[PDB]
Amino acid sequence: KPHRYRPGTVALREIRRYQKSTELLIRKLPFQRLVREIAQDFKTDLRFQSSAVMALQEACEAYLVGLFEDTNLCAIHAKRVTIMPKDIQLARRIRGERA
Amino acid sequence: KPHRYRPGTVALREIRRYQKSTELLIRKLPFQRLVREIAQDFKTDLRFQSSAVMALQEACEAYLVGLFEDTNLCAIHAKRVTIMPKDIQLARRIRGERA
Amino acid sequence: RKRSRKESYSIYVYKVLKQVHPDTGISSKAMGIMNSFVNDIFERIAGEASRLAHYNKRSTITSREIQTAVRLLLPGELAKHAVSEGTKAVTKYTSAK
Amino acid sequence: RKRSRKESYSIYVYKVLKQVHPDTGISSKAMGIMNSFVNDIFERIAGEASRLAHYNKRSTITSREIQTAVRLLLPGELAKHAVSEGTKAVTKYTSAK
Amino acid sequence: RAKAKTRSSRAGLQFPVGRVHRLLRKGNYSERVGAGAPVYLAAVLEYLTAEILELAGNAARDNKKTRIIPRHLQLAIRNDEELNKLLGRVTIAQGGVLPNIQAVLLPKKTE
Amino acid sequence: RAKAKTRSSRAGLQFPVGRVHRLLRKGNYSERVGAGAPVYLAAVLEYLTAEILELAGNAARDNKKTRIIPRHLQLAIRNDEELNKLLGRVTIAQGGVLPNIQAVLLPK
Amino acid sequence: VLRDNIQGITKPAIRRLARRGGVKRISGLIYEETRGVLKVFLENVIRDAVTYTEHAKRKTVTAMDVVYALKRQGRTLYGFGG
Amino acid sequence: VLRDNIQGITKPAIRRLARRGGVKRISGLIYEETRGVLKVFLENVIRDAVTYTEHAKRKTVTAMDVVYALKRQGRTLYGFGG
DNA sequence: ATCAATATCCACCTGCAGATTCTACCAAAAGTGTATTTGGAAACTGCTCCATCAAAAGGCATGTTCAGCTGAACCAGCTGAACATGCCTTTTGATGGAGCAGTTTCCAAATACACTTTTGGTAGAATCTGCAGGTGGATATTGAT
DNA sequence: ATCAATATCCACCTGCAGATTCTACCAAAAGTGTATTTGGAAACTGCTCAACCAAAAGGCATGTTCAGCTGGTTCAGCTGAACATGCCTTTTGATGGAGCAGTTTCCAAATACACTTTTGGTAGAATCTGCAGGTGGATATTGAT
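Just so you know, the protein sequences line up as chains C, U, E, S, B, P, Y and A, in that order.
Using full-length UniProt numbering, the letters of the first sequence map in sequence onto residues 38 to 136.
Using full-length UniProt numbering, the letters of the second sequence map in sequence onto residues 38 to 136.
Using full-length UniProt numbering, the letters of the third sequence map in sequence onto residues 30 to 126.
Using full-length UniProt numbering, the letters of the fourth sequence map in sequence onto residues 30 to 126.
Using full-length UniProt numbering, the letters of the fifth sequence map in sequence onto residues 12 to 122.
Using full-length UniProt numbering, the letters of the sixth sequence map in sequence onto residues 12 to 119.
Using full-length UniProt numbering, the letters of the seventh sequence map in sequence onto residues 22 to 103.
Using full-length UniProt numbering, the letters of the eighth sequence map in sequence onto residues 22 to 103.
Hints were generated in silico from the structure; no laboratory data involved.
C-beta atoms are modelled at their ideal positions from N, C-alpha and C, and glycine is treated no differently.
Incorrect hints may have been included.
Said to hold, decoys possible - A short list of chain C residues far from chain U (calculated; beta carbon distances all over 10 Å):
#1 40
#2 56
#3 65
#4 77
#5 83
#6 107
#7 114
#8 128
#9 131
#10 136
Unchecked claim - The following label-pair restraints were derived from C-beta to C-beta distances:
#11 B:90 x C:54: 36 to 42 Å
#12 P:90 x S:72: 24 to 30 Å
#13 U:39 x P:100: 34 to 40 Å
#14 U:70 x Y:93: 21 to 27 Å
Sequences are here, hints too, so could you generate the full structure?
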């Protein structure tokens with residue numbers, strides 16, 4: 038019978054692994070496509086430098102990690118371990134990210 | 038026997054009353070004395086204009102009301118109606134008020 | 030004889046108020062708040078215009094830099110109506126030399 | 030023949046690194062980060078000094094405004110050690126004329 | 012020596028174009044300032060003032076008051092999404108807050 | 012025509028006083044710039060640079076690496092209370108985050 | 022006898038502020054935390070205000086010093102000049 | 022490709038990001054909300070970047086335009102120049 | 001507490017991908033001497049600030065009571081972590097030509113500056129009226145029945 | 001439903017503190033004219049970007065299993081919300097000198113600004129070496145028992 042780890046052990050292994058390294062976790066190509074589609078609705082036939090896309094990816098990723106950190110603290114606050122949309126909405130509301 | 042309101046009704050009356058009005062809720066003189074003591078620990082024999090004290094009072098109260106709003110959302114999030122120190126600590130941590 | 034001289038936007042705010050609501054006054058505190066508001070928006074716009082000019086190795090602040098600064102700082106329809114007013118004002122100024 | 034000229038703080042950062050840790054190098058990306066850092070702190074301090082000068086109706090930026098800006102922007106012991114270094118530097122400059 | 016005409020009237024504005032020009036020169040914003048910049052800026056500031064005063068006068072009429080006080084300015088700002096965004100981190104002295112009570116603590120319905 | 016000395020050497024600094032002076036003049040900060048301002052500023056920048064590099068070098072030795080990389084700078088900044096305050100809203104490219112897991116969820 | 026002077030920000034005033042915040046019920050331990058929070062905020066502001074005072078070579082703290090100190094903390098205040 | 026859009030920002034990548042944030046368990050509904058949040062952030066940044074681009078009469082968005090756009094939102098980015 | 005099955009370290013080799021150093025030259029740092037503003041020292045002065053009383057009253061410090069609240073188990077779905085298998089978008093390597101970012105040069109138009117000259121702005125004095133308090137009455141709510 | 005003790009809305013009145021307007025002095029806003037410099041626009045070029053096929057390959061989709069997570073239910077302290085009571089801290093003139101924030105005027109002193117003379121910093125080319133990548137074993141981490 039195959040060896041089987043209980044739920045949570047591997048998640049923790051991924052946390053330690055990804056917190057030890059610095060490489061980018063989102064794929065480059067779909068990010069470029071998303072950027073180009075959004076940019077199209079403001080101005081047509083725009084081009085992008087590759088370092089501009091790397092900068093946007095770094096900014097996006099740093100923003101999301103910070104939000105997941107705040108979300109996790111809100112989840113833990115409610116005696117839960119599962120993050121839910123209402124936690125994200127709370128974090129963004131308190132920072133003033135009013136969308 | 039004396040007439041008696043249940044817990045919560047007058048609290049709500051106080052909410053409506055103070056949210057309708059704009060008068061300052063902290064006493065002027067103790068605030069002046071607090072300010073003078075703190076300033077004394079940085080520089081001696083300082084004086085203060087009355088409008089400086091009023092500005093500080095407005096800033097303090099706006100800051101505290103905003104913090105209590107965030108605190109209340111954190112309490113409600115935990116399926117509670119009573120705010121606790123951990124709610125304030127969470128709100129200040131998410132704003133980055135690290136102290 | 031000593032007497033200094035402190036400027037404010039009070040008279041202009043009062044003129045605009047009388048234009049928009051002829052039958053209405055304003056307290057001194059509110060006028061002070063409006064003056065603070067005006068000063069804040071002035072610094073924000075001029076500072077942003079300054080950074081744009083510096084980034085583009087440009088030594089002049091023109092109406093273009095103001096327009097761009099406005100589009101960056103203000104959201105949607107507010108920006109569109111303000112930009113329209115500024116454009117119309119500049120065209121009126123340039124015509125009536 | 031065409032060739033431009035882009036300045037950076039790279040050579041000075043490398044000299045300081047060799048003074049503090051002789052047996053250590055630095056990648057180009059990190060050096061770029063340090064240059065960005067220096068530019069940011071430069072802009073912050075000069076901007077703050079400018080506002081202080083404007084508030085007190087003074088047209089000159091002196092070592093006093095730098096000192097005050099430093100005390101405002103930087104916290105506690107970091108400010109005290111940096112301020113001490115600045116005073117020491119101005120004192121050595123003024124004496125070795 | 013033709014007769015003195017102001018820049019404001021030429022622009023059809025009430026705000027002082029000349030003063031804004033002096034303030035741009037004095038304040039280390041740029042070495043030189045074009046003629047159109049202060050007209051555009053004055054127009055923007057005047058428009059925003061008219062919008063705030065408009066909303067504040069509506070709030071004034073709602074409270075049967077003919078004089079605008081700071082309270083009305085706070086109500087005007089916080090009830091307008093765009094002004095709230097612009098002034099999200101701004102404190103209006105003597106402004107107070109909006110009559111906002113979170114819906115779930117206010118009293119029970121089967122009562 | 013005495014021999015050419017520079018201000019960084021006279022002030023006992025490594026950072027370039029002259030360049031800082033030119034940058035202050037160019038950037039619309041003030042109409043005029045005093046002689047001591049760029050020396051003081053240069054000294055502050057040198058102290059702060061030395062402090063960051065010091066901590067990053069310590070982090071570098073803990074990882075047995077002889078070259079400083081961005082990760083070591085992020086670790087240095089977030090582990091220093093005062094630098095974290097100064098750079099609380101700044102993003103360090105390729106920096107990552109601190110190995111921080113909230114205690115209640117880590118296993119029994 | 023007086024009470025270390027931080028205590029003049031009494032319990033009922035904090036309760037009133039919480040009421041303006043829409044708070045209905047308050048634990049007894051909130052007050053001390055709130056006092057510390059207020060002290061930190063005040064300490065930072067006055068420090069900067071006094072720094073502006075010292076630079077101007079003035080012995081009177083003006084409203085403008087406070088306004089600028091607040092501006093640098095991202096808590097811009099309107100209504101007291103500038 | 023499934024939306025020609027944000028859906029290329031797959032579930033496992035969002036999981037990885039949550040892992041870096043120290044999150045152990047994630048509800049199925051988080052992903053779409055995160056996508057919307059990301060899209061909003063991106064829109065505002067790109068809007069400002071393109072505005073800087075338009076001011077210079079350039080058709081190429083540079084890294085510096087992004088850095089400045091990020092700067093005005095209080096998210097200063099180091100490492101890409103300036 | 002020990003075996004089983006993975007995970008990740010401890011340690012090494014290689015060579016190569018950036019990283020450090022060498023050579024050149026020119027653009028910025030620095031020196032010299034003139035011209036110009038500016039910080040500070042001292043005198044004036046009257047506006048505003050700390051300290052004191054004084055009498056009162058309105059908030060608050062203490063004490064008493066109980067009603068919803070808080071935490072705490074128990075458990076019935078239930079849905080969300082892990083793996084297999086397998087299919088495929090993404091990635092790495094090429095290719096190469098097209099558009100334009102960036103540099104250089106020139107000149108009408110834009111704009112600073114010095115002098116002059118009228119006048120809109122602002123401070124204090126003189127109205128004047130809108131709303132802060134006060135009185136009375138009339139609904140409209142809580143809560144025991 | 002009923003119904004009695006408080007809270008709040010609303011009509012009306014009053015008068016005075018602050019809003020509004022009037023009248024004066026002048027620093028600042030326009031007008032002329034002249035000197036400065038700079039932004040638009042055209043030419044060029046080689047650095048960078050969009051398209052784009054081939055392959056390989058590591059990542060994602062779908063489906064299955066089942067483990068423990070979460071919200072509904074309920075229950076015994078509990079403690080924090082309202083009142084009553086007394087009291088003492090804070091409000092609001094009034095005084096009333098002390099000191100210092102302006103304000104001006106003078107004058108050494110710090111610094112722009114034109115010109116001249118080097119030389120430190122950076123762009124390209126020539127060496128260099130620390131760790132990315134790969135691998136071989138040696139222990140650390142949990143699941144089932």
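Evaluated hints:
1. 40: holds (39 Å)
2. 56: Per Cβ check, residue 56 of chain C is outside 10 Å of chain U; nearest 19 Å; holds.
3. 65: Answer for residue 65 of chain C: holds, closest chain U Cβ roughly 31 Å.
4. 77: Consistent with the label, residue 77 of chain C stays out of reach of chain U, its closest Cβ about 35 Å off (over 10 Å).
5. 83: holds (34 Å)
6. 107: violated (5 Å)
7. 114: violated (6 Å)
8. 128: Violated, because the least Cβ-Cβ distance between residue 128 of chain C and chain U comes to about 6 Å, which does not exceed 10 Å.
9. 131: violated (5 Å)
10. 136: At about 16 Å from chain U, residue 136 of chain C clears the 10 Å cut-off, so the statement holds.
11. B:90 x C:54: 36 to 42 Å: violated (49 Å)
12. P:90 x S:72: 24 to 30 Å: holds (26 Å)
13. U:39 x P:100: 34 to 40 Å: violated (55 Å)
14. U:70 x Y:93: 21 to 27 Å: Since residue 70 of chain U and residue 93 of chain Y have Cβ atoms about 26 Å apart, the given range 21 to 27 Å holds.
Consistency note: the structure conflicts with the earlier hints numbered 6, 7, 8, 9, 11 and 13.
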